[PDB]
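Can you read through this structure? Questions will come right after.
Taken from a larger complex, these chains appear in their original positions, while the remainder are omitted.
We just call them A and B in the order they show up, numbering each chain from 1.
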Amino acid sequence: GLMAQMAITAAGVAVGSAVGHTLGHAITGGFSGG
Amino acid sequence: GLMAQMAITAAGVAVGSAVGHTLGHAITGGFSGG
């Protein structure tokens, strides 16, 4: 029984082009993870 | 019995082009994950 607060599971990834945010956390301001 | 607060499961991914946010968390402001 595993837990993931933020999970992005992509086994096969092939990106020809990606301008800007890509598969990440663009967090701004606040985030209460405690 | 696993739990995922934010899950994006994409086994086969092939992106020709993606300008801007792509498969991520563009979180702004607040998020209570505790």
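Here is the rule we use: a residue touches a chain if its C-beta (ideal position, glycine included) is under 8 Å from a C-beta of that chain, and two chains touch if they have at least 3 such contacts.
A.B. asks: Total copies in the complex, given 2 are shown here: how many?
C.D. replies: Full complex, one repeated sequence, 18 copies overall.
The definition used in the following text is that only the chains that are shown with their structure count from here on.
A.B. asks: Between chain A and chain B, tell me the centre distance in angstrom, where each centre is the average of that chain's C-alpha atoms.
C.D. replies: Going by mean C-alpha positions, chain A sits 5 Å from chain B.
A.B. asks: Show which residues of chain A lie in contact with chain B when the two form their complex.
C.D. replies: It is residues 1-34 of chain A that touch chain B.
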